[PDB]
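Participant: Chain residues, written in single-letter form:
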Amino acid sequence: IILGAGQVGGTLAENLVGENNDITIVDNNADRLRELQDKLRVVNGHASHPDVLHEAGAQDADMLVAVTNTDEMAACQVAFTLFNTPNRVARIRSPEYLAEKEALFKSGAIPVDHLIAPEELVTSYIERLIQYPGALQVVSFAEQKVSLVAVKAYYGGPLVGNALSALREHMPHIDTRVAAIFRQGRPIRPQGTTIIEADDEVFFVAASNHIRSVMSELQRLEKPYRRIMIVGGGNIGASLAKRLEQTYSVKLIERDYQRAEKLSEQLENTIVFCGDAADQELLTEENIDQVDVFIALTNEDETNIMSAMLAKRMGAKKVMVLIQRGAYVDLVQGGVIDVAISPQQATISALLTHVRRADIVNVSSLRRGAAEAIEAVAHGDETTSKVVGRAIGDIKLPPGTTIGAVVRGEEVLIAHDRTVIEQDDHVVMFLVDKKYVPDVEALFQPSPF
Amino acid sequence: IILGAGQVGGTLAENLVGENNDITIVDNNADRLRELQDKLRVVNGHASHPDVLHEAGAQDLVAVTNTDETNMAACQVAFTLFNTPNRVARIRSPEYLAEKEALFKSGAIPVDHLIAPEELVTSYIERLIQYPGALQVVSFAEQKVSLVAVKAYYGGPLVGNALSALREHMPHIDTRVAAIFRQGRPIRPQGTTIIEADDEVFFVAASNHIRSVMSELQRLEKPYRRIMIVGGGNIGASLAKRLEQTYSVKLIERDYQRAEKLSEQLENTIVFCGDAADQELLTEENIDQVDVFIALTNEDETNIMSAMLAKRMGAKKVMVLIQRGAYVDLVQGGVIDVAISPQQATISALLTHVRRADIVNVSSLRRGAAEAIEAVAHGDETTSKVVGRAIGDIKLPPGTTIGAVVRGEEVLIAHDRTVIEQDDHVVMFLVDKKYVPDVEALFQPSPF
Amino acid sequence: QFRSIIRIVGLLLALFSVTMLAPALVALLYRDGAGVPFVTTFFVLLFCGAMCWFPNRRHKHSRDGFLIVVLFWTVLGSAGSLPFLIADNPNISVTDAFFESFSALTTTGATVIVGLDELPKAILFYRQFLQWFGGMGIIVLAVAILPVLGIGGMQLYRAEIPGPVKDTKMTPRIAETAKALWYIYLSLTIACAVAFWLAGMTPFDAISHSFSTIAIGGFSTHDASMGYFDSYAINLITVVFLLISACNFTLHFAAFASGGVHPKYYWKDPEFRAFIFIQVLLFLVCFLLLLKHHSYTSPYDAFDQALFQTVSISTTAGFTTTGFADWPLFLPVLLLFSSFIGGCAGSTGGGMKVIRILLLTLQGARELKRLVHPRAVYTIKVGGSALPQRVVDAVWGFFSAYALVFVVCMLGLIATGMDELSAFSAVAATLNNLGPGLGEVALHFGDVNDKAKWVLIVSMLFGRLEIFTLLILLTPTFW
Amino acid sequence: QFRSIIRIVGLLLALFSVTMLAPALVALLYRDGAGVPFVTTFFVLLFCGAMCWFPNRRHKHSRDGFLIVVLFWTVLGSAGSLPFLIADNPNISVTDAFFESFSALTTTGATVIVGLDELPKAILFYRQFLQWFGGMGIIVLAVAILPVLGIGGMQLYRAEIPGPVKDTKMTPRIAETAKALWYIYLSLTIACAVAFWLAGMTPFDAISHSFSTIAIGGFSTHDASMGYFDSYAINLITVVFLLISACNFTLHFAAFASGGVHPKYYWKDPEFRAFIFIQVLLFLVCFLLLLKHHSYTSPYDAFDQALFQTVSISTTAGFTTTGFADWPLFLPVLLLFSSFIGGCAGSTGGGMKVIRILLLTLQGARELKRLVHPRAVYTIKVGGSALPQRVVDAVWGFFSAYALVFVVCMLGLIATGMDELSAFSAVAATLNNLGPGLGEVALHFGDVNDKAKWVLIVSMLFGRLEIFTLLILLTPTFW
Ligand SMILES: Nc1ncnc2c1ncn2[C@@H]1O[C@H](COP(=O)(O)OP(=O)(O)OP(O)(O)=S)[C@@H](O)[C@H]1O
Ligand SMILES: Nc1ncnc2c1ncn2[C@@H]1O[C@H](COP(=O)(O)OP(=O)(O)OP(O)(O)=S)[C@@H](O)[C@H]1O
Ligand SMILES: Nc1ncnc2c1ncn2[C@@H]1O[C@H](COP(=O)(O)OP(=O)(O)OP(O)(O)=S)[C@@H](O)[C@H]1O
Ligand SMILES: Nc1ncnc2c1ncn2[C@@H]1O[C@H](COP(=O)(O)OP(=O)(O)OP(O)(O)=S)[C@@H](O)[C@H]1O
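Residue numbers (UniProt numbering), protein chains in the order written: chain A, 4 to 42, 45 to 77, 80 to 456; chain B, 4 to 42, 45 to 65, 69 to 456; chain C, 2 to 62, 66 to 483; chain D, 2 to 62, 66 to 483.
If you are wondering where the hints come from, they were derived from the structure by calculation, not from laboratory data.
Beta carbons are placed, not taken as given, at the ideal position from N, Cα and C, and that holds for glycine.
Accuracy of the hints is not assured; some may be wrong.
Claimed, not checked - PhoX-like, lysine-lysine: derived pairs with alpha carbons at most 20 Å apart:
1. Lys249(A) with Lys269(A)
2. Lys159(B) with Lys269(B)
3. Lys385(C) with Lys249(B)
4. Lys441(A) with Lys42(A)
5. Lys173(C) with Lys42(A)
6. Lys272(D) with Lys183(D)
7. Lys269(B) with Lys385(C)
8. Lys442(A) with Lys42(A)
9. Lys183(D) with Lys173(D)
10. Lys373(C) with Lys269(B)
11. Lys183(D) with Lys170(D)
12. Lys441(A) with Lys403(A)
Said to hold, decoys possible - If you want the ones that stay clear, here's a sample from chain A, every Cβ over 12 Å from chain B, calculated:
13. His54
14. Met313
15. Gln351
16. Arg397
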């Protein structure tokens, strides 16, 4: 049960329902709820009082997810105290509830079975891009072992105009495969006939262990980032600084003095400032022509863009913004701004890894527009499954879908046309159109046992 | 263990410490805390974090923040990880009452005793309406005994008469003057004292028979019929939901969107939309026939400048709600008949839990230096200086005068010829409160 | 827009034809009857219903909803006349037939056939069957498709009214209200049907009068409704099966949700709490006026006759078990005014349902209080929470439109040669879906003029559709 | 409370007696008349008016205002009956007299005296004079004291009218509306009075018919209103002096504020902009129906007869210059329905003033638009600024109360032995303050039963007072 009809609850309510699982969402906002009722049972809820919560759920019994306005927990306790509902996931944003998580949560006091701390997820994610220079976006699936890494094709690049299969004739060291191609905002599924044009998002597949190795074999692993610049003093700005001052030369820009002082107190080895983001003097005076990346983490998405647009004009090697609402990302990305990050496309990314656990499909982090990458599980021996033993090239997959890899236990087999799908595999594939999932969900799913 | 340095925490921190009991208060407001640290040990604290709360509690509960939600967390943190005793925590927001039975009688939240301020004042205000002519009603730890205060005017049966001149007859149920407040300053009752005009004559009365006392003194006016209110907030709505069934209520609320919900929540009440000083609304709605004009707003200035008007038009009575409790005597009397304080009633309830089983219970009649107290006499004649000795033979500190004695469930009015027996709850009036550990040392039994 | 609509139309015409089979089956199980027009109609409609949707099987998806439901009755009402036109046994004209077709389907109950006692027992089933079909039609529409539209008139109907009490799920609409409500419908029709058998009358009259009381129609297989057998039981069953069928069916949904926990669901609905008082006070005053007048020899008959007439006329049922012979002239008029207070909303019922009247009485008194306390704030009590100013407007515009149609439809019947009194007696009987003319033993709908019977059809729709549904058809904004 | 009220009462009774002199003066200036009852009344009332306020000369100051104005007509109306009881020339019953007293003072115009042509010329002046007095009464109350109370009927009225147009020097809430309006009143009565003299008729009929046409009136010194002289001029003056006298007098306040700047004040008031259109469309359709029927030989007579009847019946005037002989039955009915839309508010006026109908048509169409655009925001256009939700409620609660009284007053006339049609023809004629019965066969109010003649009095007050003024009298909240 979802206690919200927000972009999180709505994106779930759309993504999770394939009749594979059944849920009931709660929201006091009727115009948005019956809008979210399209995507399913609605239990409009007066401030998470028990009559809603347990009757909507605990009598029927199903997993509880609470994402409403504030962090202050009360609803998960109302579900745990008098009903004993299991597998409760509750988003908690405010740091103080995180900073003492160990005291509170590993004592079992609060009943959160699994946390979804947005500031934590986004700040960890941004450090994951910095670590592999040249990576636009990194895609994470339910299986930690496999992950996609995306690059940008330019003039003079090793990958422009070349034939896809022309790279498939050599398999040097660790190997890759192009699972997706995004250009001009709209999706192109990879084919043998497709050519890599300029300004593309070439999404390579790579085993999570050896990602850096993949990018250096394609000559795209630039020199490690050294000098970083940030622009946000909020929950994400301080967390990122507290994570990068030990390994990277950080500079911060905060426009509220009383907060700029505590950032000077909380960050020992960082230089925090007091200025507006578009203060041309401050950016020049503080050596912006030698910046390698210009992370922008503000409240208003307009400000992140109009400052990160300024700071590639001056001379930063790269730029990153934080488009708060997550439905926009692919529209400002590419071109002048190299990377755009979304917290509500990362908070939802973690929720579809708990909900989908043990299910037929796991929805990847690569959801942009209609396209989404998914990970499908093949159960059952050759007697109770249409897709087991059959070679990849011999599967009548729905249109646009293309298998990119296969995860087996703890090793990643790149999908080749000559590969065999064995039982209990986690197949990683790229859907160009997401209206086809219950076709895949019906193909891989084992027949009655 | 407290968590406030406010008027609640400060008034407690002042009242409770006679070396009889020991406590530790918590507050992030340093300038107020170490000021309140005069009035014991101060733990500077951030929210209900265990470091401050939990460590202070064991090996070294009252929780009075700005908010209820923070208070609930503190009682749970103390109950979950140490299993601390008692735990009284104030909760103001109504819905935590509306589902109190579901929540609290399920034992989920660990409040051992609640102090719901909106409820206490509104019950109190109904307690004055029930006895017409009563300025203030005083409640002690023992429900059985209580003081009732009246106002002496020209033409009253009690003006200029000698106190003892009223003590010659003991008709039916009897009374006794435990306190006399005049001009704002306290006069302890004596045989030589005469009841002058515009006094606060505080009569003693068994809680059961209060109306009987006031009718024997010919002061029980006609029952109130028509009431008028002025607050649409937490106290205004609660009072309306209590009076529309028995009294003809009218309400005045100046915020429409709140005036509508009051029309939904109150079936038999007439709620309005107007400012308190709207002469047209008060005249148009027949204020010259109002019997009492309770004003229950946020700003004390507004209550006065409106309750003064309603008396002028005029109403039969007026009542205000002076939010801070420090001025109750100053505004009271004269033009405005009655002034009510939530922080002289919220603290009145907290001094009945804390003081439980102790030597003294501090009454609700605390104003300025004067306060009424209830002292407990333990031990037989061998381990107590004050037991068996007749009242007239106790060398009480100056200003202190015994008014009554509560023995089990029966109220004995103090007479000079009375004997104090063991395990008594004596009710008396202190003009000066600096004498408590003298009384607290007099009644207290010698080592056993 | 129009394309997928004609798909719906031809689809329903086919379903109507499938209904034609059940009558003719009776005209062969019985052979006191003529069945060929039903089987001639079954074919011709199936073709004419199929011919429209075959080239229109193209599927596509508020302006849609208003135009459907005027076709649901216009098309089905016209198609209903066909059996009467063909058969020579009635010897009924076209307008008399279109009238009897609409009067049946609209659950009105106003007839234009003289001496139907001895008419065949096959055409006699079709009349009552059409009331049953229009009985079900109003239920699915009023509870489900119509409220969405914005003229729900069901409890706090306005647009948003998603199942009212014990409204859980409710995501499937019409389709999760056509299936579930049928069980109440069938389980109520049979209960009365066998009850009439236990009263003693023939299976046919037992059944074909159950199709009529439950659908609040008022038809009969006898010229006199329930004077054919002046037995207290039949009356007392017809009384109790009109009161039970008149109330909100969303409250009759208090039996299919975890068994019989009725009384809490029923009595805590203010519409049912006002349906009783209005029903009691009516019969109560219609009884004291009979006892003071000695209209009937024994007060048991007076009780029988009164308690049936107030609950057959103020529930829009339209059954006559008397001739108002010994009744004051002043009683049929009062009963006719009580017709406007039709059955509870969400049920087969007449014009200004109890809420429309309940809301009207509530709001009308508030305007009387404010006159003395102008600066006071007042609200409406009906439900748990007061009504939105949209709904109060949606009743007071409904009264206005009602007395706007009722006057134009009156000065339209006057012109065709009727008299002032008979016009009022007619439109108040047809706009409210009542049936009997009422008054000092007056209207017989055969005497009505040809071009008035058309206006009457024009009117009985206006009452059956919530008046606005068809009034907006001629607006410029809709088109 | 009650004390200072009786001061006002006896004060007006004295003022009414001072009026009694002008009739008796004519019964001695003229040679056909009887003056003793007027002078017998002059004395007895002056005493009975003085006896009440002498021991009550104590002065003291909403609940006050409602109880005054029901006494203003109850007391003065009863007092008006006295002259008729005494004089034996029209020997007439008490209830026939109380009726003719109220009918005159209430400006109704419904008479119960047969053959008044040859009645004395002294009682003939008193009947018309009482209409004049009630003509002034409505003006001072409708525009001044009544709006403050809470029932306005005056453009935007709920309780907040400064007159809108030239809202200056309004300090004296009633002391400068009685003074200033009288000049308009007198300057209107004389203009028509001498105009009738220029038409040719005797001074008496010239003047005593101006008392009748300037106020809403309806009375006559001839059994037939204006068929006594079928001359186009008298009709064409009575037409224009009813249209001019029917509309808002605060729009006639466009002459006493800096001279004649009329057209801007008149036409920019939406009530007058709808008074014309409703008046034109009526006569226009009442004309084409006469021309298509060849009811009259020459279309000048048809024009004369129609244009007078629509503007004598829709303005609540009540003048009959015909017998509807060649008129379809369908015309007197339509005209009676048009009686509800009487003269513009704030003037001698009908049951539902133009605004009540104008507001009703405006709001009723908004409810038709919202049905298609549910999420749209709509407003009312009538004035400069859209109306407060208080006023829209005060129109729609007024319609409800109107059709609540009109039905209770109807089932009250039916019981006394009348017939459904005649009751409707009576209460619609008295609630609206229109004397004629208005049918092909008229109601002649002599035939009305004695007990009904009381209910008619009860009713004509309800229309003259804004219906609520007397409806709240029997509320529990008021007492
Ligand atoms: N006080 C509340 N109690 C319960 N539910 C609430 C409350 N306030 C908001 N909600 C619900 O939460 C949603 C609105 O929350 P938001 O303010 O949009 O939070 P949010 O930050 O937008 O969530 P995301 O991450 O952006 S999807 C609606 O579905 C409401 O039903
Ligand atoms: N140009 C700018 N415009 C707005 N805020 C800015 C700018 N530069 C720095 N900031 C800081 O951004 C802060 C926003 O912090 P919050 O309001 O707490 O939102 P937040 O979610 O906590 O921050 P995030 O999400 O961790 S980046 C402001 O208070 C400033 O301290
Ligand atoms: N986060 C917090 N942790 C602890 N105390 C807090 C916190 N925030 C506010 N306070 C308390 O806020 C109080 C001052 O405000 P309030 O007490 O709420 O005002 P008040 O309640 O009208 O005064 P009272 O009732 O006499 S305590 C102090 O006791 C502070 O300790
Ligand atoms: N000048 C005023 N005249 C009349 N009513 C007022 C005035 N000012 C405020 N009020 C009312 O008092 C309300 C204030 O209530 P809240 O602040 O929400 O709760 P509260 O009433 O302050 O709590 P208490 O118990 O009254 S101290 C306003 O919303 C109005 O309803």
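Participant: Each hint: holds or not?
Facilitator: Cross-check of the supplied hints:
1. Under the criterion of a C-alpha separation no larger than 20 Å, the hint pairing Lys249(A) with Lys269(A) is consistent with the structure, at around 12 Å.
2. Restraint check: the Cα-Cα separation between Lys159(B) and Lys269(B) comes to about 38 Å, which exceeds 20 Å; the hinted pair is violated.
3. For a cut-off of 20 Å, the pair hint linking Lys385(C) to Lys249(B) stands: about 16 Å separates their Cα positions.
4. Proposed proximity of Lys441(A) and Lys42(A) is supported: the alpha carbons are some 13 Å apart, at most 20 Å.
5. Of the supplied pair hints, the one linking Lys173(C) and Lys42(A) holds, its CA atoms being roughly 16 Å apart against a limit of 20 Å.
6. Restraint check: the Cα-Cα separation between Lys272(D) and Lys183(D) comes to about 26 Å, which exceeds 20 Å; the hinted pair is violated.
7. Straight-line distance between C-alpha atoms of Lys269(B) and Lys385(C) comes to about 12 Å, which keeps the hinted pair within the 20 Å bound.
8. A C-alpha spacing of about 12 Å is found between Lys442(A) and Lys42(A), which places the hinted pair at or below 20 Å, so the restraint holds.
9. The hinted pair formed by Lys183(D) and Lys173(D) meets the criterion: a straight-line CA distance of about 13 Å does not exceed 20 Å.
10. Pair hint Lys373(C) plus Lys269(B) holds up; C-alpha atoms about 19 Å apart against a cutoff of 20 Å.
11. Under the criterion of a C-alpha separation no larger than 20 Å, the hint pairing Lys183(D) with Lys170(D) is consistent with the structure, at around 17 Å.
12. Between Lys441(A) and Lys403(A), the direct Cα distance comes to roughly 17 Å. Compliance with the 20 Å bound is thereby established for this hinted pair.
13. The claim that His54(A) lies off the interface is violated: its Cβ sits roughly 7 Å from the closest Cβ of chain B, which falls inside the 12 Å cut-off.
14. Consistency note on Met313(A): stated as away from chain B, and its beta-carbon is indeed over 12 Å from all of that chain's, at 38 Å minimum.
15. No beta-carbon of chain B is positioned within 12 Å of the beta-carbon of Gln351(A); the least distance is around 27 Å.
16. Against the 12 Å criterion, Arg397(A) stays outside the reach of chain B, whose nearest CB is about 56 Å from its own CB.
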